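Visitor: Below, each chain spelled out in residue letters.
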Amino acid sequence: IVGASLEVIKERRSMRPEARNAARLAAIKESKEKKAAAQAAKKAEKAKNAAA
Amino acid sequence: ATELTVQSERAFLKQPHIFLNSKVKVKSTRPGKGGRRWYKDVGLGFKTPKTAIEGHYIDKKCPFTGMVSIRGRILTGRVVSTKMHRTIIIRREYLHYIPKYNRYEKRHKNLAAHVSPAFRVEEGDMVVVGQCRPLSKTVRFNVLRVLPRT
Amino acid sequence: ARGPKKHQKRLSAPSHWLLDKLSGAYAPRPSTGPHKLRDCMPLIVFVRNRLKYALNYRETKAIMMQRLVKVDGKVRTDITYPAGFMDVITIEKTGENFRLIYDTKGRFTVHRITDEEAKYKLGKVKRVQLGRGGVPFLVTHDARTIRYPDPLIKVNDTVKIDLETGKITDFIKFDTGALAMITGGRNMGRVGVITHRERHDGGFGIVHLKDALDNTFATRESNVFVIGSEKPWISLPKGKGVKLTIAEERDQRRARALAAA
Amino acid sequence: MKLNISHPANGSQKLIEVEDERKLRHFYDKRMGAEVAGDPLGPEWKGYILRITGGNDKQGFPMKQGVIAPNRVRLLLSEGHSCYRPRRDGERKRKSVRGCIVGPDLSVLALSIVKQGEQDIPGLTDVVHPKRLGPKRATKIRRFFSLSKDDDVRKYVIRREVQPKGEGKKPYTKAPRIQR
Amino acid sequence: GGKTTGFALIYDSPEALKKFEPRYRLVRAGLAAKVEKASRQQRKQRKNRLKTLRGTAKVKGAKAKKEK
RNA sequence: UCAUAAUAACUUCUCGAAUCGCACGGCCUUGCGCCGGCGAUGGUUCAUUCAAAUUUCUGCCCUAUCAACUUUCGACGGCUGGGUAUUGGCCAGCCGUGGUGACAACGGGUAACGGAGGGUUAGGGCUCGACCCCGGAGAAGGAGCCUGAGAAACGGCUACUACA
RNA sequence: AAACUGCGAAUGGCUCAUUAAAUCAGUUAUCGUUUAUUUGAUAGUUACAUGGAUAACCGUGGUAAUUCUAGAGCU
Ligand SMILES: [Mg+2]
Ligand SMILES: [Mg+2]
Ligand SMILES: [Mg+2]
Ligand SMILES: [Mg+2]
Ligand SMILES: [Mg+2]
Ligand SMILES: [Mg+2]
Ligand SMILES: [Mg+2]
Ligand SMILES: [Mg+2]
Ligand SMILES: [Mg+2]
Ligand SMILES: [Mg+2]
Ligand SMILES: [Mg+2]
Ligand SMILES: [Mg+2]
Numbered sequence: 082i083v084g085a086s087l088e089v090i091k092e093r094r095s096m097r098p099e100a101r102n103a104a105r106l107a108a109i110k111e112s113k114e115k116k117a118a119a120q121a122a123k124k125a126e127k128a129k130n131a132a133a
Numbered sequence: 002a003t004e005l006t007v008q009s010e011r012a013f014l015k016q017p018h019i020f021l022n023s024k025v026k027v028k029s030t031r032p033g034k035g036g037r038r039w040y041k042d043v044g045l046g047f048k049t050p051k052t053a054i055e056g057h058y059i060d061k062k063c064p065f066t067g068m069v070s071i072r073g074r075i076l077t078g079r080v081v082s083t084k085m086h087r088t089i090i091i092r093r094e095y096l097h098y099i100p101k102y103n104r105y106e107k108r109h110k111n112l113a114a115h116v117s118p119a120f121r122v123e124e125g126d127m128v129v130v131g132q133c134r135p136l137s138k139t140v141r142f143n144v145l146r147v148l149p150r151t
Numbered sequence: 002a003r004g005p006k007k008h009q010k011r012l013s014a015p016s017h018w019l020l021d022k023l024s025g026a027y028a029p030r031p032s033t034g035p036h037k038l039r040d041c042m043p044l045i046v047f048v049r050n051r052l053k054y055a056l057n058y059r060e061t062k063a064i065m066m067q068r069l070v071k072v073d074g075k076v077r078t079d080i081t082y083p084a085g086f087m088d089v090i091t092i093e094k095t096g097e098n099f100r101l102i103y104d105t106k107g108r109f110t111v112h113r114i115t116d117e118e119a120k121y122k123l124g125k126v127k128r129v130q131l132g133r134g135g136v137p138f139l140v141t142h143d144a145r146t147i148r149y150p151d152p153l154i155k156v157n158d159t160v161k162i163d164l165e166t167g168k169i170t171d172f173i174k175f176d177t178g179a180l181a182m183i184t185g186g187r188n189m190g191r192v193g194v195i196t197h198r199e200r201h202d203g204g205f206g207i208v209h210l211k212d213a214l215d216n217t218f219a220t221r222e223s224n225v226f227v228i229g230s231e232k233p234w235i236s237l238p239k240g241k242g243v244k245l246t247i248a249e250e251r252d253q254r255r256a257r258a259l260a261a262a
Numbered sequence: 001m002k003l004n005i006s007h008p009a010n011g012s013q014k015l016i017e018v019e020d021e022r023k024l025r026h027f028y029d030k031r032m033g034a035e036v037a038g039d040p041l042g043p044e045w046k047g048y049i050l051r052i053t054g055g056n057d058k059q060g061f062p063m064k065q066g067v068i069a070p071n072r073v074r075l076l077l078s079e080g081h082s083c084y085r086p087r088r089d090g091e092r093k094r095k096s097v098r099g100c101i102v103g104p105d106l107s108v109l110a111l112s113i114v115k116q117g118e119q120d121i122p123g124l125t126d127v128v129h130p131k132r133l134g135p136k137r138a139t140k141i142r143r144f145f146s147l148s149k150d151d152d153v154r155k156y157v158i159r160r161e162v163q164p165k166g167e168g169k170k171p172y173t174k175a176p177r178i179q180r
Numbered sequence: 069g070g071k072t073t074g075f076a077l078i079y080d081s082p083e084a085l086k087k088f089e090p091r092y093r094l095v096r097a098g099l100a101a102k103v104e105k106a107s108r109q110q111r112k113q114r115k116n117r118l119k120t121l122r123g124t125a126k127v128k129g130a131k132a133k134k135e136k
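Protein chains in written order, with the authors' numbering: chain LW, 82 to 133; chain SL, 2 to 151; chain SE, 2 to 262; chain SG, 1 to 180; chain SY, 69 to 136.
Keep in mind the hints are simulated off the structure, nothing from the lab. Honestly, I wouldn't trust all of these hints.
To be verified - List of simulated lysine-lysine pairs, DSSO-like, C-alpha gap at most 30 Å:
# : chain 1 : residue 1 : chain 2 : residue 2
1 : SG      : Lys140    : LW      : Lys110
2 : SY      : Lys87     : SG      : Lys58
3 : SY      : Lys128    : SY      : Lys105
4 : SE      : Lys94     : SY      : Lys87
5 : SY      : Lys128    : SG      : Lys95
6 : SY      : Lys126    : SG      : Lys136
7 : SE      : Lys122    : SE      : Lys37
8 : LW      : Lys127    : LW      : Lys113
9 : SY      : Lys112    : SE      : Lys7
Put together the whole structure using the sequences plus the hints.
Guide: In structure tokens, the structure reads:
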């Protein structure tokens, strides 16, 4: 396809599964702290509720 | 009416949805429930003739023991022809008013009605008819009562 | 004629809409809905021609797009919505409620009502029977269907509707001595007490009423709408539908004029 | 007599003009959708087998698969047929189409390459035309890049870099709206 | 006579005026400018003239080069 | 023989939601866990609305130099089916011989679309009504049909005749 | 923008050729039928999401001629 060169498509499709597994764990982790940040932001609203 | 036999035709004549061959015999007062002859009452103060209840004729156009309901106008008349099969012709007379000359003239119309085997109709008789659904090309009425002779 | 019609010619509209014969060639042509086409009150005509809130059509259709006006507690957004007898129309921004009822001359009139009483209705029942699954139900004159009604309730009666939960709080039997208002025929706006009823087998019975002023009149059952036994539940408009003849109508008109000034 | 030759694999097409009839003799009496050998056409076509895809008459009428005649016949073309696009639901218009048996009367043939040969074509098989866009459904993307049930398909999607006209700022990225 | 009668509208806010008041009166008062358009017949001619082109009718000069 | 319920079975066989937008919420076994609001678009049956198609009774100008008409190849009625959204001589088979008329049938004329109504006045009448309201029919003359809830449609298609 | 899909295009407007129980008028029936739409009720016998095409589009043609169209590559 025009967007991706032949080398890109082969390497992308042929990425090793072990690397994919690591990629999954890496991707999930930032979302996990971001969700914990979501509770921290909710605590920020909780502090606003306490203030007023 | 005068009918020699009830089953004198190519097919077999029977009332629809009336079960007639049951192993167990049960006696009930209801007309159609037990398996014997079925009949209804039209209404409008019209009494079911006695000959209908014990008669054996089969007719799908009679208001009694039939599948036709009566609704609409009720008319009366004089029979003029009853010499065909299960249908009669009655004659109705009235007066039309001409406004310019301040007087009337007679006029008449002819009507076709279905007659049930329950009644016996002769020439020059009073009958009362009721409207029903189209039964033929030119038949839309059914006889209900025959008035006594003078 | 190759399908259903969608245009209505002026000079053919119902008389009680009170539309001028000039200033245009067409009429609102009310859309299909819960009420009969012949005797209905289109929302556009009511808002624009009677209350005079909207000058013309363009902002008249804008009003419903703002969802300001509602009928029976539910907002309607179509200009040609068929309103009818006993329906309640509520405008919250200005803060009042209206009920559509005939006057003594046979046309709809404006009638202020209080907020606490403007939250219920009542309607005559058209048919009662059991539906699918053996569940009994009834339908009234305003296409209200209600399941599990009181088994004693029969046809031609009237029932009070909450209009918020649709539950059958109360009802009125149809018998002699009740107070009724006529809804069809030439006797538009009359209110009377049932004197006695005579029936004809085969359909099209007639009923005889008697007014408070010892007047007498008769009408078909399809045009009688019982609204109470005594002390009618709803608030009647001014004049109570007594149909004074023209002689006293002119006498009272001059008496009121001289009394005021 | 023109020839429209296409290579689906490389996405490349070309048009050739042929005026010598004995080279075109072996195409005669063939049917639509058949297989033919291109050896008599010329030395550069050795080892090539072609599929007959269609053609046009001198008058401009198209060929229709399934009608056996060397002349042209009138038909009542309904909706769903090949050479008719109705302008209204259920409307049918009578048109004229030419049969599917090849003959000397037609003006242009259209055909495609089935099997690559030993020789190369100077202007047909030496270039490849990029596909304009890529897959748009989640299942298709997963099947294409051979992912598994849980692999966060959201990251794996083709991106094309587009830029504005002359604002002087950096270009941005646009995405294909994964469906389902 | 020397008396004259007309109609008046009073609005709560100027923005409320422009939200509900018709445009042509705005042009009458000078608050808003008029809209420039071609005649009704020329517009009608254009709309039906573009019914003979299929796809991307905005530019249709690609078929001018077919004659060579 | 209604609404509705129950039993024994059947079906190239249906429907019972793989759709979209705003809001950012609440629980503890803290898992990218569970629950939760208001709208749009659809969907089986009943009711309603706009209707549509058939249908009962009575009412239309002049003419007898039009007095008997209808049933070859349905004209009147009975029965069994087919077809239609349904009744019905609407159609296919079998069996009877009927139906209308001097109270004007049948036929011929109409410079005849029907009605609400216009003109003219003691009263009674005579005459007009293509035309703004209601109903019916047609798109040069005949027939046939697709799509669609709805058309025998013509600013939809097919064929013939005559023009072009 | 373009294009697929949905709805409407069977309403309006014009004319009076045919038509003498035919159309039409007032009055009845549908327990003899169809019904888009609107309105109100109403249906417990891989699932964290199934499968192939096609339009728009790129690029190449035929005919003096029309809102005529072919074959090839994508979603
Ligand atoms: Mg019309
Ligand atoms: Mg009745
Ligand atoms: Mg039959
Ligand atoms: Mg005789
Ligand atoms: Mg004529
Ligand atoms: Mg007229
Ligand atoms: Mg027509
Ligand atoms: Mg036609
Ligand atoms: Mg035209
Ligand atoms: Mg038209
Ligand atoms: Mg004429
Ligand atoms: Mg609904």
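Visitor: Now tell me if each hint is right for this structure.
Guide: Hint check results:
1. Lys140/SG to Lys110/LW: holds (27 Å)
2. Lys87/SY to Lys58/SG: With Cα atoms ~64 Å apart, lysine 87/SY and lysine 58/SG exceed 30 Å; violated.
3. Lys128/SY to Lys105/SY: OK: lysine 128/SY and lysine 105/SY at ~23 Å, within 30 Å.
4. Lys94/SE to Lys87/SY: holds (18 Å)
5. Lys128/SY to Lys95/SG: Roughly 27 Å between the alpha carbons, so the hint for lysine 128/SY and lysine 95/SG holds.
6. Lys126/SY to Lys136/SG: holds (28 Å)
7. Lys122/SE to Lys37/SE: holds (18 Å)
8. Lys127/LW to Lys113/LW: Roughly 21 Å separates the two Cα atoms, so the pair holds.
9. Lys112/SY to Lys7/SE: Status holds; Cα separation ~26 Å.
This entry does not satisfy hint 2, going by the numbered hints stated previously; all others are met.
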